[PDB]
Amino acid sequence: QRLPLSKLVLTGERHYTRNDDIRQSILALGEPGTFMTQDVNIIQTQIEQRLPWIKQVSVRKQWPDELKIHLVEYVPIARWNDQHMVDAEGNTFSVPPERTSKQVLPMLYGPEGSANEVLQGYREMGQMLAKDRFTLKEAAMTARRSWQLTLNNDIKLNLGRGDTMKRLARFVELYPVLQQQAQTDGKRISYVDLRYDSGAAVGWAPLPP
């Protein structure tokens, strides 16, 4: 008959961690059996590598028989360049796509190191847009620093390189007119392209049947 000898207790809010992932970290280590002597700090520096979604690992031991591991995961705000994530402060990490993956998370895009930059804009435009009835599905910065936002609809907004808060300002002012014209013709606004002092060019599309 089986019953435990070394116990393992995990604490803190955890969405992306399976309990087995920590177990597999300690066990897949060296000299398995030196289990509450293998340095409490070495076990931090092992949970951290094997899991890039842990912000922090807090390991102590409680004599006689248990190992108490406190975890803080990275809370992502966006899906960066399709294959990473990012949290409020700009930190980029990853997860298995085997994991939740049916998340209502926006997706940011941009050059290699620009995940904090893109986050900046994503906050500043998502803010003003949510001040009206609009949420950001995507937001893509190019190398040249030209922003293109896909919206809650599949309405893309090409804001170019310049007066961006002025330009999606101008879109919010216009949206009613666009919706009116959108039905009196029975087409959906595909994009509105704002690279104009004072102007906007709208491309329309047919609509799902």
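Take the two forms, superpose them, and find the largest set of C-alpha atoms that agree within 1.5 Å; that set is the rigid core. Positions refer to the first chain, counted from 1. First, how it differs from the form deposited in another entry.
With the core held fixed by superposition, the comparison between these two forms singles out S58 as the only member of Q181, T150, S146, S58 whose CA moves by at least 2 angstroms. Remark: with the core as the superposition reference, the CA shift of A201 between these two forms stays below 2 Å. Relative to the superposed rigid core, the position of the CA of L168 differs between these two forms by less than 2 Å. The Cα shift for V72 between these two forms, taken after rigid core superposition, is 2 angstroms or larger.
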Contents of the next structure:
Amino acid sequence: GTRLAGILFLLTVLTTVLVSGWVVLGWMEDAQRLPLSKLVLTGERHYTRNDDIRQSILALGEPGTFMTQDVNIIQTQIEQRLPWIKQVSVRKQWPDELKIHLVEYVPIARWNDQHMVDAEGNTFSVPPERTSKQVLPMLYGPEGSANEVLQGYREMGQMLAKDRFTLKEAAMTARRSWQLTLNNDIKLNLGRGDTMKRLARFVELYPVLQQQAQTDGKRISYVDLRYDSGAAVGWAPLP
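What about the form deposited in another entry, after the form deposited in one PDB entry?
Excluded here are partners and other molecules; the one chain stands alone.
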């Protein structure tokens, strides 16, 4: 009498596991085969948009599913289409869910009018519509030396900012010569020699350059600093 109960108690519980396991299998077999049309962008996004990740993930020409999608192929495709992203981390979560973590570059200057450069020296490109609102310095130089010109911009800029100047542009040549551009288009034609001590000479010379420019009603066009304790100043009529 009691063993029949223990048999039925075990057989029924056995039946309830398989039946519940059968509908759970049906729940997990009709759900794990979906193209994961969802997308979760967790991160501080300033340049990339929600439609950018969607259009780039479908640019492969194939709607991948869950068990038929490599995240290493998605993160690379995002890298090959979005140059302003530093670290892509696309990961799958559940039947119809995705997780993509994005990290952008913070531009502190503009590199050759078409690219930008951050504080760590890294170079990248941003479309001009998403960054025209930014007032950033424009750094010029030969390719591969964005970090070197950045070191010059800071050093020449920190000294120039002491006496309330604004370094708008800083250009460097392949032979390592500098030509700065200040506010109101004041071209400082520096040279290859001691650049910091030439620039420091213009700072001390400027109070006399401006008091003479107002005497004749002229505008400072450019101040050539390629001398030793000397500087030649060009003029231009003011509008």
